[PDB]
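Partial view: only certain chains, each at its native spot in the assembly.
The chains carry the letters A, B and C, assigned in the order they are written, with residues numbered from 1 in each.
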Amino acid sequence: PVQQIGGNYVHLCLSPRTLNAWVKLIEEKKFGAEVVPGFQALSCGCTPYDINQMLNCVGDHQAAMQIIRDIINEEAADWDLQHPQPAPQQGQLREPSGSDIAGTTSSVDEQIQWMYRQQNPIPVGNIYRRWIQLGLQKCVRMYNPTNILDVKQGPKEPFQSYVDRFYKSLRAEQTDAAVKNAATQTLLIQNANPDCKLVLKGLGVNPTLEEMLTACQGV
Amino acid sequence: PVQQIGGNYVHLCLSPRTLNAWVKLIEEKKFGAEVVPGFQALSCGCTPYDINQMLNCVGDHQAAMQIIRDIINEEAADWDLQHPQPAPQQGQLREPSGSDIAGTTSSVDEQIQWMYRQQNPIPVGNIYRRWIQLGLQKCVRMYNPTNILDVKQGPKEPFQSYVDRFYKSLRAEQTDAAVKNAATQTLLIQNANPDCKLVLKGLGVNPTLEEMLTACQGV
Amino acid sequence: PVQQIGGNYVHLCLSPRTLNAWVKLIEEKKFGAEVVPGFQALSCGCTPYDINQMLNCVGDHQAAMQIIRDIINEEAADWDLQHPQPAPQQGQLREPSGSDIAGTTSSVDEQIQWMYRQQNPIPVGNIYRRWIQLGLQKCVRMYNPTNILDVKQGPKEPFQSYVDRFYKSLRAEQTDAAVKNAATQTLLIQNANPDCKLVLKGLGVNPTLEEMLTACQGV
């Protein structure tokens, strides 16, 4: 992270506690949806230099890390098109390229200068965090064990259990379309078992989740 | 959370310790009544941005999380009726809608501005915490294994044990009516076993819990 | 707890560490005598708002929690008799009732005002802690497995072991009378086994614990 000592902004060492919590999250949860807000929280206040330490401390899951790296490169390339950089005049620090934001071609002090300079500050750490989020969302989709369309209530599975599996798989899609609404509720009802579906059909148009759970308790 | 640096209020990163304690509470306790004060303590001093990280780090129990989301939307809609928002004049920050308080349509800095502005501060974090409490109370009711009306003392169950189960289920109702008083004490006596009920009938009108426990010890 | 920021006293969030230590104490020790100083230490510097979070985070043992609640109400009622409260003149904060000290009818900021106001400060947090101590002492008596009068040395039980059990049960009474003195020492000797009692009778009037342990070692 960053700290202020005197009238200057200087690197603050990344906590080993934070670093270890990130490493444990990956080892234990293996790209469940919670990895996305997990990274956001644990990378809060970080420079790209700090973020790369977090990512490089992951010892396994290298296919997923490579996918993340590929998404970082796409966004880095897109950045260069949206913000081409004229050659720094008079020995002044350049404007950051995509690789600079990713921390591959920039130092910690350069990153801090862009982040905390008075005129036209660029939050390169927070931009890089956004790129990694997109990569992690691809990984959640990749590691999802059961696609939403294959979530079907078992003959004797409690309705509450089926609903848990349904919304977990729906969330694992990681898209704006895969959210609770009339269209996704239609699928939920459709893929319920015959006994529960018969009960759900009697609840009218667009019943609430609470109504559905109440009505199907014990069926 | 929030911190003061100079004469400005700025985001303070949420502690990984706090975040992990919340995640563990859900995984281990699974919506027992203690989840309500647990959230209150662990979300103390938080902005809606921080609170959403807490809620989104929950990997399972998505039916319950959806119920919470539904209650948040109801309260968000109710807020818009009670406090409609005129269009911000002169490039000034708008007054917050329900979605702004929930952190879905607002940034961390907007949340902090509403919370710490001099004129007419709005504690959007604490309002959002109240909405989530209502959602968690619904979940406690949902996860309650034994309804209060089905708590009946076994033939040879110690009276103290039965009382523990009774007040645990009573509390799990999460209502103003489900509290120790003459009416709920009447049910407690009613659903005691024949041996203990005979002893309790001799203690007069409205005996104290201590009197009931003393009188029934060993029966 | 409370903190000073500028010239104002404001709420300080309760540590999750402290909260978890309290919850673990109850789960693991189950109202052994150490629960009383345990609460005192862990509730140090707390407002009634903070204390209620501690108490409400207890998920089981609800008979005991209800006993505590009953003692709180008795002391709250007693407070209202000793300190009736005239109606606040001129929009000034009222003087606290029993329910205000218990945190049921007061906010955190009201509690802090009473605690840190210049004229006639009232330590409502420390008063409430005293009420809860009385409740916890009742619970220690309730959970005590062996009454002091039933602690009798076994035929071949080492004297040191018997003494441990005796003073543990004596302490579990939680009264001023149940303390080491000539009267309770008389019971200790009385309930020793024939072999140790014969040795203890030869030590004169009011022998010390060290003398008793030395004399009975190996008997």
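Just so we're on the same page, a contact is a pair of C-beta atoms (placed from the backbone, for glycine too) under 8 Å apart; a residue touches a chain by one contact, two chains touch by 3 or more.
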Shown here are 3 copies; how many are in the complete complex?
6
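One rule holds for everything that comes next: only the chains that are shown with their structure count from here on.
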Based on which chains touch which, is the overall arrangement a line, ring, star, complete graph, or other?
line
Rounded to the nearest 5 degrees, what angle rotates chain A onto chain B on CA?
60
From the mean C-alpha coordinate of chain A to that of chain C, what's the distance rounded to whole Å?
48
Spell out, as numbers or ranges, the residues of chain B touching 2 or more other chains.
17
In the complex, the residues of chain A that touch chain B are 4, 17-18, 21, 29, 32-34, 36-38, 40-42, 44-45, 160, 163-164, 166-168, 171, 180, 208-210, 213
Could you please specify the touching residues of chain C with respect to chain B in the complex?
5, 13-14, 16-17, 19-20, 23, 52-53, 56-63, 65-67, 69-70, 138, 142
